[PDB]
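Next up: a single chain in structure tokens, the form deposited in one PDB entry.
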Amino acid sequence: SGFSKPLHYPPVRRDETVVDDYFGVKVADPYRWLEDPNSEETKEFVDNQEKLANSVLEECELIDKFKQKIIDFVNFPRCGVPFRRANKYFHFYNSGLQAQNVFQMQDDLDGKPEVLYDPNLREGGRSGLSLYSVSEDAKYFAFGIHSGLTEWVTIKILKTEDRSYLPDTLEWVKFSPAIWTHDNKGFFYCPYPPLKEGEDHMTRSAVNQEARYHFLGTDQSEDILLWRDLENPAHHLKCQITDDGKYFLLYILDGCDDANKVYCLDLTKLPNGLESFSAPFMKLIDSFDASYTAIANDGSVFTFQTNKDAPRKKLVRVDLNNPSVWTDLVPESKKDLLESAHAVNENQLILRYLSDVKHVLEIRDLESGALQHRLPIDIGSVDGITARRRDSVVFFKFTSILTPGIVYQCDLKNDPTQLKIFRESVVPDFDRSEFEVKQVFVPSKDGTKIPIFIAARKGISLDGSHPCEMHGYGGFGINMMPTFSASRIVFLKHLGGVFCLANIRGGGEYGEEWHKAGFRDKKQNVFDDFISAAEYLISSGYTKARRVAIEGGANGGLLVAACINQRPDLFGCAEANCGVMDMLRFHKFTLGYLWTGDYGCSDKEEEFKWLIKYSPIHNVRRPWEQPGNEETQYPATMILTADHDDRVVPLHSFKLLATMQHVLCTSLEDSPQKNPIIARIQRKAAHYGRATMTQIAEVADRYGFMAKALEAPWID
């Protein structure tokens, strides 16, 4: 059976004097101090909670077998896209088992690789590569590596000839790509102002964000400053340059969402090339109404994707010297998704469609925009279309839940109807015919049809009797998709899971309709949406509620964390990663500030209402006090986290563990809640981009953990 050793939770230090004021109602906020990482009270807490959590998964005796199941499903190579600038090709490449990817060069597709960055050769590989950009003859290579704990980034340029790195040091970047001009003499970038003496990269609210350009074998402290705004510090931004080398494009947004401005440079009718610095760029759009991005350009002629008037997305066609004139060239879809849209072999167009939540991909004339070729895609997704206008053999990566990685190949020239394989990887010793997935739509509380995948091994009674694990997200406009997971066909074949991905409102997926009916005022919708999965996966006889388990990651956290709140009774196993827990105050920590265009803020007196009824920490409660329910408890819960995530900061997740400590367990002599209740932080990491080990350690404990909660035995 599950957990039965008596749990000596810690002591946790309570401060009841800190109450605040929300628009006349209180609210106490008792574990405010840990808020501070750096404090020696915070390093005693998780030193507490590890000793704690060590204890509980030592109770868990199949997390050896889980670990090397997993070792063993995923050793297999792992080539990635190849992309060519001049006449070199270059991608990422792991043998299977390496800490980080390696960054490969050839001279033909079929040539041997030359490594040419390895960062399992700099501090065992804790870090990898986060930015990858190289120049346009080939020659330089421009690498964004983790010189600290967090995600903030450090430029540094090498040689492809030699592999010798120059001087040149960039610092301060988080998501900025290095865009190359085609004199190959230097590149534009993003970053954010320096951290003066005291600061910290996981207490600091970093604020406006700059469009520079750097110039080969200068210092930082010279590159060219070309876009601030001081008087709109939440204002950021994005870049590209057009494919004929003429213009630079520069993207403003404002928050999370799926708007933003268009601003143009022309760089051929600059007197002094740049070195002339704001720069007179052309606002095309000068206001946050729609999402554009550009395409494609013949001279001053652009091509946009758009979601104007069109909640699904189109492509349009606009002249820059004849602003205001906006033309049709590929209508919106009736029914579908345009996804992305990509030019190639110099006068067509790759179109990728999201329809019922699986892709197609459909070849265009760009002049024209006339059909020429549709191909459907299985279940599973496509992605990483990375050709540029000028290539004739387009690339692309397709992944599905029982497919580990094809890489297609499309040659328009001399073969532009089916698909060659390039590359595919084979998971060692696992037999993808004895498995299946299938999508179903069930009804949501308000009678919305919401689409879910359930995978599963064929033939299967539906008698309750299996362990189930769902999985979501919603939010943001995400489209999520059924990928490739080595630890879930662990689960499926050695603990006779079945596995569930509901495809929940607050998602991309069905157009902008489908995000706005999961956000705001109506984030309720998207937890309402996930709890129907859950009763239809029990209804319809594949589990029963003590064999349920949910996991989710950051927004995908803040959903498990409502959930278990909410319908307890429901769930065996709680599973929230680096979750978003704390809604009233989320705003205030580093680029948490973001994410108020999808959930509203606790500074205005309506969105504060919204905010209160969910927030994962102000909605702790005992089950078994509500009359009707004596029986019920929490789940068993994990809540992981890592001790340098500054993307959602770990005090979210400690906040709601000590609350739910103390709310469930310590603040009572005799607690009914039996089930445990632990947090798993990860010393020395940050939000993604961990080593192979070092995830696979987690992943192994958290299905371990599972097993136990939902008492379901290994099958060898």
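The term rigid core refers to the maximal set of C-alpha atoms that superpose within 1.5 Å between the two forms. Residue numbers count along the first chain shown, from 1. Compared with the form deposited in another entry:
- In the overlay on the core between the two forms, a shift of 2 Å or more in CA position is seen for a single residue of 323, 428, 443, 111, which is 111.
- When two forms of a protein are overlaid on their rigid core, residues whose CA moves 2 Å or more are considered shifted, and residue 365 is not one of them between the two forms.
- Relative to the superposed core, residue 308 shifts its CA atom by less than 2 Å between the two forms.
- A displacement of 2 angstroms or greater separates the C-alpha positions of residue 201 between the two forms, with the rigid core held in common.
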Given for the second form:
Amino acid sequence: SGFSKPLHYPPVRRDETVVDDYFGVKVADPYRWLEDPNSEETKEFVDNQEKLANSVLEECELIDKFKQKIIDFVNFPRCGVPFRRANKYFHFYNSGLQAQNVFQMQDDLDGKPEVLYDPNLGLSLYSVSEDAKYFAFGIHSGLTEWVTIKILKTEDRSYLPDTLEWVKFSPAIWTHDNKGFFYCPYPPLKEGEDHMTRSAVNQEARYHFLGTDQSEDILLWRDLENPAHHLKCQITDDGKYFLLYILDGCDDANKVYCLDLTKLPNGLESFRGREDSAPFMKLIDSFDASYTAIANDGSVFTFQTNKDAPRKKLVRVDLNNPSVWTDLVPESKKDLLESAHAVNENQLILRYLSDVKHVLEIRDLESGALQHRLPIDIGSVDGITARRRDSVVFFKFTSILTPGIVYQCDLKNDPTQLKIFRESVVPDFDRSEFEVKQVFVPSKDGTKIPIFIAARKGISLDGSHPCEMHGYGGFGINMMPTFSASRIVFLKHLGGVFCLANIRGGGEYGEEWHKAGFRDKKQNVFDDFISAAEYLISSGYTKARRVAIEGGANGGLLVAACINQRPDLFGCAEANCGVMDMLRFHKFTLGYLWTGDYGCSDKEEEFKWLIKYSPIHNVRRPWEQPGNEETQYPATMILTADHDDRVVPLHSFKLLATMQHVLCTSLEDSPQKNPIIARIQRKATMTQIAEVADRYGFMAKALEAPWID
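Please could you give me the other form, the form deposited in another entry, since above is the form deposited in one PDB entry?
Shown next is a single chain and nothing more.
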């Protein structure tokens, strides 16, 4: 047990009268009062948990060495993927440690870059007009996610007066007349609501004319009967059709409404009246499948869909004859079609995920015929933003040992052969001393689970190495082995082995992989992660007390469920912003959007599966189980912010209180010696560095792993 300085756990009050009935099952909730973040008693708790946490971290002598290495390894120039508008190319750049990326512009491909906007004096949703004369961007005013959109002129970097409030994730979609754009804002604030405490409902699709106030924007769609339905939108590369996509919750499923802009007399000004919604052709009007438009030749559209294709495919339909849908690129029986991109007037780039590695195909657009195939090494290719009219395609490659390469491919003039456009370099790190491999590991039920393992070349499998394992396992999210500077520090200066596990609930083998780890089958996700740890131990990478596990949000749920079920297997656990009360999550902020993956304790069958793994309801003293008297919980750090509208911090607080009660303060001479603490952020690159240095310092101490120069 790494930690020797004894622990003074603070008193935490239990309300023994709070009890709820779930279909005849009585569940006590003695920390109900921790659900209010503003009360005197909750603020005292925060203060008491901060004092305990600081005292344990002061014993962790490698925090400072970690912090300086992270800073040094992350301090290198980085280029984003370039995109084209008119004859200008745009990209982001960071020298290394700038708090935000700087936005650059150049005249030709061989042109000299100039600074167009430097925020270093938070910013998302950058979108350049068709003629390259304007750009729209979002500023973050608060602690909440709300964004304000402003527009600049690229010629002199001057602002327009236009200010658009109440945007979240919707970028500006510009019409080809350069007069304005479509976007999807939430309504203005009403009586009784407050900027801090407003919900995000009743989303709208609007058109904004440049040089006007938000209150003049044309209303194209809203639905007051279905307040939770949310929106994304798009315009076709030819400029003729506005596409509106309507979604419900977390599912990979959407509606598709199409508006023919060429049929409107006097453009978007026709709707000045409201008459409240525009005359959309409602091509798809249910939530049965995912649809994303890839191209159109007049009224003939190509779409990517999961309709009777859990690995996805490309289909074609004529809007003038919408009963008839025809396969263009058939579903593969082994590989997921992750994305598709129309390029160079008549070509398609398809990005496949094949045993959790990318493969790129280049095809003919009209026929679907295969022209070239490029398998990619262990890592991830992403960010293809080229449009159909563009002849140069760019994308980014990243991996555990590759900080970032941007590749360039002139499909017109010098085709087939990827040239490096920019390559990032980690300073003072010899990449050739390390390697990454993939193995497939059997889960409890026999299913094979792919995991990646990164380690120093030529190590002995003698059980001696500290090991960190990461996973997520939900929502159809594909977990790729990308670059992290702090992970390099763990590998080099702690002698570590890193493992990424592609457990079920992800999307890696399509929709069947997602469904085998959601709702009634969520327990499969935990079993998959436990199996991976058992493999790392039996194959001789590490041992039980030298395994750390880490994850965030749904990944934090992952960590907490796994330590409740198999505490013997782990020496350290770090849960960042986890969903910990699975009976009550849907009651707070936007947690109601996660019922599609988790179920909801409102329905009796869904309760019965939730109660078995809910973290705050399954904390149990491992030493009281008759064969494992020598087991305790791993040293545990729960990470959160004291205020967080994404995953409310009551989740973390209630768990922390439950663990400290059950394992430490309910009994007189507890075998639990490993510390159970929270690292609480009150209220940016340097903030993030300090969080990660704390977590790795605590990890080194807990696993009794010394520093190596």
